[PDB]
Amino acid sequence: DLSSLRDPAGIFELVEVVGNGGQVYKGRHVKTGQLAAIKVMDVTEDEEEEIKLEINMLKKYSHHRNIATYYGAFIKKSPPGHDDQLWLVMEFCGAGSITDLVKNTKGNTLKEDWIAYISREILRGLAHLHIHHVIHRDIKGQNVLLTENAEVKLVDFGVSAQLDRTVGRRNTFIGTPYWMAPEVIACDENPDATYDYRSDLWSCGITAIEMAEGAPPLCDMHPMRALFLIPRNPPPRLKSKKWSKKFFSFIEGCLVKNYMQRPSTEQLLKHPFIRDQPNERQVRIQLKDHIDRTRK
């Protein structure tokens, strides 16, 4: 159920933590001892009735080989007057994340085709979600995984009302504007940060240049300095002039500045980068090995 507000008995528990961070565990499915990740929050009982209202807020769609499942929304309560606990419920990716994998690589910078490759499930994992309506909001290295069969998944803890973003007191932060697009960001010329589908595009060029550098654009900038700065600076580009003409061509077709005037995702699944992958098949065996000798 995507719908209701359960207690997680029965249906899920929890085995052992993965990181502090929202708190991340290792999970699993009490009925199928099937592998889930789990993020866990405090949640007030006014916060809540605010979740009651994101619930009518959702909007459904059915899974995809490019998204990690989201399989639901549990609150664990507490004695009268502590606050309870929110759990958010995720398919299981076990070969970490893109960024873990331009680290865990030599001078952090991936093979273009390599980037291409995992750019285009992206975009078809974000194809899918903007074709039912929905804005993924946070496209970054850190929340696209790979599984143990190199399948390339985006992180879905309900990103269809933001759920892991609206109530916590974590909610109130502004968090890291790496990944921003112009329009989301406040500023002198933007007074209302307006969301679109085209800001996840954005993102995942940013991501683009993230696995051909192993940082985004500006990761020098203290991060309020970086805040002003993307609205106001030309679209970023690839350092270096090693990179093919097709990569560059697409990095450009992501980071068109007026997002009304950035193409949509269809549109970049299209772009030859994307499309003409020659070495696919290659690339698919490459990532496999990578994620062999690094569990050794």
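Each form is matched to the other, and the largest set of C-alpha atoms that superpose within 1.5 Å is called the rigid core. Numbering follows the first chain given and starts at 1. Compared with the form deposited in another entry:
When the two forms are superposed on their rigid core between these two forms, the C-alpha shift of 2 Å or more among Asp83, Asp100, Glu148, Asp196 belongs solely to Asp83. Once the rigid core is overlaid between these two forms, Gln34 counts among the residues whose Cα shifts by 2 Å or more. In the core-superposed comparison between these two forms, the C-alpha atom of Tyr178 has shifted by less than 2 angstroms.
Put the two forms on the same core and the Cα of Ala73 is off by 2 Å or more between these two forms.
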The other form holds:
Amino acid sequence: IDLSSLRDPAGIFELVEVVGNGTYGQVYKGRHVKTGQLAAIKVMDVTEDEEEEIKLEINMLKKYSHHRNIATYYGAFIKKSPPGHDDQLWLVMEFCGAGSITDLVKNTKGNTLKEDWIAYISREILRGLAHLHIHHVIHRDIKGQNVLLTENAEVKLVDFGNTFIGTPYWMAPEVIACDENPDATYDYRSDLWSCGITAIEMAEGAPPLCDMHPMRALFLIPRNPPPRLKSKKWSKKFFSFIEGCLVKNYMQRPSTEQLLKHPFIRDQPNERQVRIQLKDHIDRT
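Next up, the form deposited in another entry in place of the form deposited in one PDB entry?
A single chain, with no partners or molecules, comes next.
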């Protein structure tokens, strides 16, 4: 519970290459020197003022990241610099080598996923969310990019809640301020909307207003009726789940616990086979 104990990462971790493209920023594929073991290393410049806002970031990952549907925290390191600034802070976590769900859709023929795959991943997203929510934590950024796979087909979450506004596509209507929603408040239920959009992403290859300029999409999310699956091919349980996820008014939107009982998530006989199916796609590196 102090930045002084934090070792120099020197003979402990090596930075191999920047992970993904630059999707996550300064997140690197790291190597544990001694074991050769892989870790994901998040690098950040740290000032004398950033010292207390960062002590919590570490404690968040320490407390909450010890669930199977959350990428495990390993440790923290400071790469010191001369008295004329600026120290680097390395947040070492589990390296989910199979990439993200975005990678999965892009790597899958025709950029669509099998319905039973959506059911599997969505259950694991919800199961991870249930953990954050039960600990009074809102993820704030549920999307394909932020849902990763291990080489063991385990579904794991990243990026739970500085100057910029990011991508609008997965934002629940309530988090976007307009005339009747002036103080736009994040609810636990916002992560459920985002989850529903992630399921559309998994189904169609991209989220509902991907073709719009981000500013135009930001404007449309609170005005447009709930997004719907384009195809009619989908099962009744799937449209139903998307519907439940995408209740426009958060006040009637179901809890993460209620969703976990939805027939699409609850009823999964191919669960074991799907995990094997996903493992083989991963094996095709």
